[PDB]
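Using the hints, position chains Y, H and G with the ligands against chain R.
The residues making up each chain are set out below.
There are 4 protein chains.
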Amino acid sequence: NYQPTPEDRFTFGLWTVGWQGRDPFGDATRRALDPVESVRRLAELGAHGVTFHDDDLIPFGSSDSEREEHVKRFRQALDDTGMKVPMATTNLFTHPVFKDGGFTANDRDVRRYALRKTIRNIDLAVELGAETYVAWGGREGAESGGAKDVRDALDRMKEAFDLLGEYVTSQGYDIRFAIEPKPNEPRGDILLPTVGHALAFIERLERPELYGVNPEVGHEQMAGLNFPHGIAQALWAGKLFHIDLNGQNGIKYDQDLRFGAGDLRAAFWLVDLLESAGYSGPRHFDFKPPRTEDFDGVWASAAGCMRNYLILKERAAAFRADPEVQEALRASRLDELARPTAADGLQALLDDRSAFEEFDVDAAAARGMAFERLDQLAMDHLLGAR
Amino acid sequence: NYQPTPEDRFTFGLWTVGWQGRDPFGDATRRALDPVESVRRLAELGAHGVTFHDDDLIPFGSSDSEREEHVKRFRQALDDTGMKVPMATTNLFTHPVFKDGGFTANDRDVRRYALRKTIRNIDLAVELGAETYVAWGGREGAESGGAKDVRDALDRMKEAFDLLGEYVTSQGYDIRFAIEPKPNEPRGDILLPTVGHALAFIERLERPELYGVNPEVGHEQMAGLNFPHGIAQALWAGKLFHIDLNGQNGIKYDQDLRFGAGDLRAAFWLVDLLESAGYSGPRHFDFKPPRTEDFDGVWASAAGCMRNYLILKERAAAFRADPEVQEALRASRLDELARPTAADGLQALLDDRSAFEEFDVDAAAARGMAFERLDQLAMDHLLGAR
Amino acid sequence: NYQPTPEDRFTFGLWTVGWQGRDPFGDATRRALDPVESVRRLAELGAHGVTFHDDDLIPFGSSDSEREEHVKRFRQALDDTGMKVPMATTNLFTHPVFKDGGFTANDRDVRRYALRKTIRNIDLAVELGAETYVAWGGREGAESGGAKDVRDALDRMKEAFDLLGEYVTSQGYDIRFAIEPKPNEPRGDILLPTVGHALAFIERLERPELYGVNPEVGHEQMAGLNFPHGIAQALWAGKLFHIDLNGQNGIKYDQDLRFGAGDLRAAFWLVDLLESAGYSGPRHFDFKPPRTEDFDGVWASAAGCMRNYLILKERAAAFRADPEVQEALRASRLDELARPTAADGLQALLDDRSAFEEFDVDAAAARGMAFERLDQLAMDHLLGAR
Amino acid sequence: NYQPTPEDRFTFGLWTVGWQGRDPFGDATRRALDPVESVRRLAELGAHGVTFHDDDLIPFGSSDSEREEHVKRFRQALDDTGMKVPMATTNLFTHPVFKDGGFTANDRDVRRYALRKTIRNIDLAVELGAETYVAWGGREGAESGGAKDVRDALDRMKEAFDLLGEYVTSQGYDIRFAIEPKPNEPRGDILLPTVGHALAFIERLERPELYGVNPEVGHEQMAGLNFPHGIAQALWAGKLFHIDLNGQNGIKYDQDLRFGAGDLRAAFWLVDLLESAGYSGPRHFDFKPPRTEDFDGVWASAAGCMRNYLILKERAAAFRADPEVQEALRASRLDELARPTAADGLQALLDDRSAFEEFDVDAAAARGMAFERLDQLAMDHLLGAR
Ligand SMILES: [Mg+2]
Ligand SMILES: [Mg+2]
Ligand SMILES: [Mg+2]
Ligand SMILES: [Mg+2]
Ligand SMILES: [Mg+2]
Ligand SMILES: [Mg+2]
Ligand SMILES: [Mg+2]
Ligand SMILES: [Mg+2]
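Residue numbers (UniProt numbering), protein chains in the order written: chain R, 2 to 387; chain Y, 2 to 387; chain H, 2 to 387; chain G, 2 to 387.
Pulled out of the complex, with its shape left as it was, chain R reads as follows:
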């Protein structure tokens, strides 16, 4: 029943199944996992590959000797299992030096350090074959209004990303960047808080074609926003380079539940969109197995991520293939939404008396949209009840 293959392109971060369960009010409930064991266990479950922060793979403060040993053992597990590494990223948030940010820290020497730590890990990412480099600026922000002049901060943020674009262009690397937005936590407010703010920032970079977004289900839902809508806007702009899948129950702390938990109907509309638009990138899970769980529960939670995606894929495909649904879509005029408003042009529209002077407003107004029957067909399909 609903078994994943490496062809489904499911990926997990080392830090996901590796989360030891330390939260703001409690100590860890699980021992540390060796990244080599996580690679093996994930390959057994049907995953396609893994992702990493620099500091997940190479402990902070490691000598070039220990660094080389850690990478070599990782490489061997990849060769042994067939697992890929499609994305990597930088930890610019755990160590105390980043307490006021990395790229937008008020201290200039910290910003320079942040850039050098990033560039070193871009080299490693290319070596391991990654196509996408993600940046989540979790410490870029403020708890108080006077601590951060946001215009100056956006200048420094642009400067950082422009320098990174110069670096990969100089080296001839085939890698693209993806900015991951989040509205708050751990800072009181985070810069570039939603998909839209990130898309707008990208258009001010020197080489905008090198940058896209890495949206996360739970993050947009922490602002009360419709995640499938934001993903549609990112696809419309040609900027969905990567995506993070998980679950969230509303406006509260970042829960990082397994995918399919949280807002189930939103998860259905998301899969419908991703499959219908032909998104071809990794289906990456950024989730945390609850700290109530032991290691058997960690792997059950990971498996459930993939299972829920495949069940929703099946139901969304049945929905769109149903002749009764295609009829209802025409009844609600989704076909007319796809047709241009005025391909005749501005002058024709102005001269068209049926568009205003002779337009029957009351006849158009009384036409029902038939959206509630359409949505109940969608419910019936989701629940396997047609």
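Calculated from the structure, these hints are not laboratory results.
One should not assume that every hint holds.
Because identical chains share one entry, a pair is satisfied inside a single copy or across any pair of copies.
[Claimed, not checked] Below, computed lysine to any residue pairings styled on SDA-like, alpha-carbon distance capped at 20 Å: (1) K159 to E204; (2) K159 to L236; (3) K73 to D57; (4) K73 to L378; (5) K159 to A344; (6) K314 to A386; (7) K159 to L347; (8) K85 to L129; (9) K314 to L378; (10) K159 to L335; (11) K314 to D363; (12) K73 to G385; (13) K159 to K314; (14) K73 to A366; (15) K159 to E337; (16) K73 to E38; (17) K85 to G27; (18) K159 to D345; (19) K314 to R387; (20) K159 to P25; (21) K314 to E160; (22) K314 to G147; (23) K159 to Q348; (24) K73 to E337; (25) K314 to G385.
Chains Y, H and G with the ligands in isolation, oriented as in the chain R frame:
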């Protein structure tokens, strides 16, 4: 005490002080106001000008004769008082024909009608001297996932705004457009839900220089977002063409309280930013006097809008002029935030061993940011308690 | 497929399918429905009965003659269809006189009027056979802090409900009261904002056994609360006299979507609880068919309310009957949660060295709770994918 | 300027100024503080006393020898400074054994352990002179619906608190309990999520007079609720035994900002209420100095807590003493809210034709409430601008 003059450029919509108090659960508690009387009373209070939707000024379905009579009486009140009309907009949300939207309605004939109704009011706006034309797409959106393909909807939205840009370019009008975002209400989710999503959409229009944003305090706060931060991003992009001021107590229905109500410290940081950046446009209030109030209370609420802005302006100016505050800003390194990270360039940064190999991370980490003393000086100034 | 019968005890308010679609930003999109036609159409769909506010049935300001005529025609439709009237309530929110409340209005003459309007409709409710009388104090509250001394307001609220209890005791009526909480809208904050605040208030009334709660799915979700949890607390206290079913997508304006829309997994856990606890009252829908819809869509939306309840009932019953689920419940120690902590008593617990001095904390800590496998079995059952 | 004395009864938890800055995404930024030094530094700032969790004072797993040494050194610092210990509480949330709760853990042996750990610390609290014992059940709850049967959990919660009441009655201790509600974090949903749910639960305990609430500003605001309103309901019920003061910016993770930060007008209305009702208990701060700060900033943040309370006390007292404000309160009929609705009794009200048959609804409806002028006087007073 804190008396406004027309030099402060305070403006109000006719629909604000004119709101009769009808809400989803109750009938109106006040009689209709003649726009001529609203103009006189606002001029007496020290306002600079007024704004309007087409349907606030000319009742829907009016003959060209009645239209001319309504405009002439309005013009006369403006000439009598010295009041200006800096902005106008279109009602694409009240009449039943717009129940699924105007520019993104699924029905093509409704979209054409929406465009013609808008163009007619652009002509009137130019005649009355408006510099800015606002578009709030309050019905553009959905309550259910299958009712609206958002990529097709964004195509239709771009098509509409592009045609409007062709129209004003054709006519030689000196007017710019400002898109007003809102996350929800009256639709379950509204397209372009925040300042960031609107800024990103503008960069895909054919003539992006003609378009900017008209953010509203309460709207960004309905998504839990930091309004001064979003305004800083809009200023950084050169896109703050207009602004709507009001108050909101958190994530809930759109309250439209008078300015200064709701989140008072956010209102302080907003005024600080607007004055420090030299924003030169109208300070426009989109608010609703609570339906508990009679007409004496309507004018008290309007007066309070302007009063609160002027008190906050005074306190923000005292904050920034205080030598002890300028010292604390240097203590928190706001001066270093304004200096480039790497004006030496990429190669210099890579060769700079003090940026990584010889960087003392523990010494930098132990440096306090001193942000809590800075924020208490800001509190003391806001409260008049230094 | 999943057809309701009057035995399922589904009920609808006249004001639900009767909503004409007027919202704060738009005029009505549907004509008024005659309550006689709503009764017939609902009986055809399989409903059990209907509910009403006084002003839904008898237009405000009606003579005793017109009142009698309106009731007689309603009675006849009930006799013709077999439909029952299990609950009634009072409109203390639409007319302008209630703009600062009914029972807690600052004006004493309005409070007296509110009580007399209520008592007149209690008599009618008894005549029509209602068992439950609901009070939703939608105008009891404030937009500003100084307008309402909440201690005095709670005194007036208690006084009102105590007088109502004296009235029904005097008359010998077999009717109970149910208070309906809501956190906000249309007032900025509403008194008794959640199920918990209402339960606590009831314990200070003179005759607490006459009063219970009428919680609404969407209302508790406007505070971000877990609705099944609140319903469990109300059942634990013996106070769930009635319930309002609908859907809501998070913290925002009151959406009143059809039941099953909004938070689908919460709807599943709610049905599981109601059926497992043997709740025997009406399954009442307080919803609004979206104003995008014509009358065919109104009835499709009503039908979908009942359909979704019956599908979820079936899946929750399959979940609890599954031997693999009963095994997993024992694996997560739900059986031990049901056993007393210390039926041996306080002295035995203090003398029990295995409870502290010889308790192995690290062995207990390492035991996994197995909650993620249990929740995936619940997901599989909900989606019909075992 | 605004200097606190021990007469102001300001108290702080050891865990507040002692927070090392570890958050879910970052390591600690400050070294551990010796509780002896925290006592001295707080006494220097003008605090009245301190509070503690068992595990803040005596490291978990300490021998009776080390326990005695830790208490003796604490006692000496108290004797040296004059500081009091008015409240204590139990850590039932940090150690992994409490990962599914303490009093409502599914495992029975963990629940017994939780009760024994609590009882041992009640004895210590009495020895140190505490009058109030707080219980915050931060782990009592769930992330998934099937993990916790809430009726059984409330049975176990009642059983635990009843046993604790039997214990203190047996020992003859003069101490009362205060339950602290929180809606979520660190569990996905927490049992007894608001002040109202806690007040309702207390009325089902065997000896309800021994129990009250300990509400926290930020916690009620994480549900979007009006904190002064909830505090008024707790005062009305006679159950405000203790209070936790801090700041929060809306619906998001628990920020624990210093008091006066976050919602400033809510802080003003809270102080107005506490002073006007004659609340006589400790003004306790449960806050976290941001991890951006060094130790100088920790003490600046603590000082600011007390400063902001004293400034707001002064402004609220000026507001209520202002003759123009007392006039406006009569204009909005706050005097009539305080007078009984029907001291004449039920029969008199029914016979009073001026209450219904001859009541002029339109005359009452047109009366303005004058609430916007009242609220602007409150704003003017808060800002020191009359
Ligand atoms: Mg996350
Ligand atoms: Mg992520
Ligand atoms: Mg608004
Ligand atoms: Mg606006
Ligand atoms: Mg509702
Ligand atoms: Mg209801
Ligand atoms: Mg807290
Ligand atoms: Mg606390």
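- [ ] Tell me, in ascending order, the numbers of any earlier hints that this structure violates.
- [x] Numbers 4, 11, 12, 13, 14, 17, 20, 21 and 24, in rising order.
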